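Keeping the supplied structure of chain L fixed, place chain E upon it in accordance with the hints.
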Amino acid sequence: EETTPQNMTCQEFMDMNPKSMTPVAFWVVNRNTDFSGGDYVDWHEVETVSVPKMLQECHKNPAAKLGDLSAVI
Amino acid sequence: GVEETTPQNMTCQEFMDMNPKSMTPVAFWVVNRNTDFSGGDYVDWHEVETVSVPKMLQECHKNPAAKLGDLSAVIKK
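Chains as they are written, first to last, in the working numbering: chain L, 1 to 73; chain E, 74 to 150.
It is worth saying that the hints were derived from the structure and are not from the lab.
Wrong hints could be hidden among the right ones.
Said to hold, decoys possible - Below, in silico cross-link-like pairs of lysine-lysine (DSBU-like), each with a Cα-Cα straight-line distance of 35 Å or less:
(1) L/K65 to E/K150
(2) L/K60 to E/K140
(3) E/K128 to L/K53
(4) E/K150 to E/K128
In isolation and in its complexed conformation, chain L is listed as follows:
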């Protein structure tokens, strides 16, 4: 049914195929942007900064939903 991670838990993110981590993280941080004027987190930044940050936050609260984590970063 739902094909976006709004209701995916932090536990699920930690346990996923790592090959989907950068894409899922990109959604968390860029779901609401138009990518205009460089006002987005680029793929490199997501890979090198957002993914580790998400893993850090998800270790603190595995029951958190990813749809609520755009704000915490």
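Frame of chain L, contents of chain E only:
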């Protein structure tokens, strides 16, 4: 390297078997991984969810051994 946290070497079988909740994000990567985001030349989130995802599932059913790193052109077409 960072490649291992992207779907370049993910197979179509793996995509079909994934949590559906990761499908839109993964599809967004397939179509927008090297795109000119500044001139609006990208496939937006709504289009990826409603068009790219079903298109990817269709293509992946035809060839489960295909790698997603090779599917950008066919999903964008």
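Going down the list of hints, with the structure as the test:
1. L/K65 to E/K150: Holds, because 34 Å separates the two Cα atoms, which is no more than 35 Å.
2. L/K60 to E/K140: holds, 34 Å
3. E/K128 to L/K53: holds, 32 Å
4. E/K150 to E/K128: OK: E/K150 and E/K128 at ~10 Å, within 35 Å.
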